[PDB]
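Have a look at the structure below before the remarks.
Shown here is a partial selection of chains from the complex, left in place.
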Amino acid sequence: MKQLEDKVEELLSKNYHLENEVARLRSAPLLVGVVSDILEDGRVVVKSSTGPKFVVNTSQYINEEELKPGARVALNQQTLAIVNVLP
Amino acid sequence: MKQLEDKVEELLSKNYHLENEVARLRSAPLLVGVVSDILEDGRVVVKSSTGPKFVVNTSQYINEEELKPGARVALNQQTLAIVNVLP
Amino acid sequence: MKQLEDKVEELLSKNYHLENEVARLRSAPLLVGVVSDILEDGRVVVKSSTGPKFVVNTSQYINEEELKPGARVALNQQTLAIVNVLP
Amino acid sequence: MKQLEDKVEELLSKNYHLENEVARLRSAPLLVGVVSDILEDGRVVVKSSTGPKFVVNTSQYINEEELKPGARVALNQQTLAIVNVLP
């Protein structure tokens, strides 16, 4: 009876850890690129590490100061919006 | 008690499904890549052998000790999550 | 008169939907390319930064004056239509 | 009352221009390539600007005289059929 309660307790735990592993493995990546140049309208041209250059939007939370040519950026994989500026 | 045994069956069933899901996510074929650098928040930049660079998540069962620049890694193909460090 | 006001509501609704459709089509992310040459019928050959060359349509709101060989352009990703000339 | 009629008139106009813009942005591109060689059966081998070489059909409206090696051609994007010979 306390045996069960224990099993319920470790099962809950194992299940929580497995869910977490699922969440981590399923989370979408971001795509790395380099800022090529900033446009008069606040859209940025990025060179994707996939090859092409794109005109993309930028996260409202990004300090636009940090967006300058040569800056390494991380892009949403579908919309290619700048999500982070990277070191 | 009948309730506990029921809860144990349920959680075991849940566990079973979670394990199968983690196994699929971790299963081959996996894309090979190379760790490029590690971010303060614990996400990793990897270069995939397909060419581009990504910011990715990692399995919680990786040995962080081996997880460093130049390390060869095995990536889930859909998300590019780091599933194993390789030699 | 009741008919006119109705017709205005209708046409305004239609206008609204058309504006949203044009905005999506013109919205980022856009692929960067370079005008290669201009055809007698007014279609343009562009080289996309993805590599290949295409014969494409153009937005009617482009300034034809800037639309010339070597001009950097912003392309709809699906159709490769020229949406903006860039500097 | 003449106010409405006017609004109906400019709305019709604006809506026509927007439709046109939609039509232009949605129209499919053609893919540029170069004629590599002509086959005994009237199928042409084309080098796509996307990289590979293909055996393709030609439009019935094309003067087959103009199809010779080195000729720049424009291809339907799905079937890769020669739609135009370009300057």
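Each chain gets a letter, A, B, C and D, in the order it is written, and its residues are counted from 1.
Everything below uses one rule, namely that contacts are C-beta pairs under 8 Å (C-beta built on N, C-alpha and C of every residue); 3 or more make two chains touch, one makes a residue touch a chain.
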Chains shown: 4; total copies of the one sequence in the complete assembly of this file come to 6
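To be clear about the criterion, only the chains that are shown with their structure count from here on.
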When centres are defined as mean Cα positions, the distance from subunit A to subunit B in whole Å is 16
Subunit C touches at least 2 other chains through residues 51
The residues of subunit A that touch subunit C in their complex are 39, 43, 45, 51-57, 79-81
Touching subunit C in the complex, subunit D uses residues 1, 4-5, 7-8, 11-12, 14-15, 17-22, 24-32, 48-51, 74, 84, 86-87
Residue positions on subunit B within touch of subunit A in the complex are 1, 4-5, 7-8, 11-12, 14-15, 18-19, 21-22, 25-26, 37, 39, 45, 51-61, 76, 79-81, 83
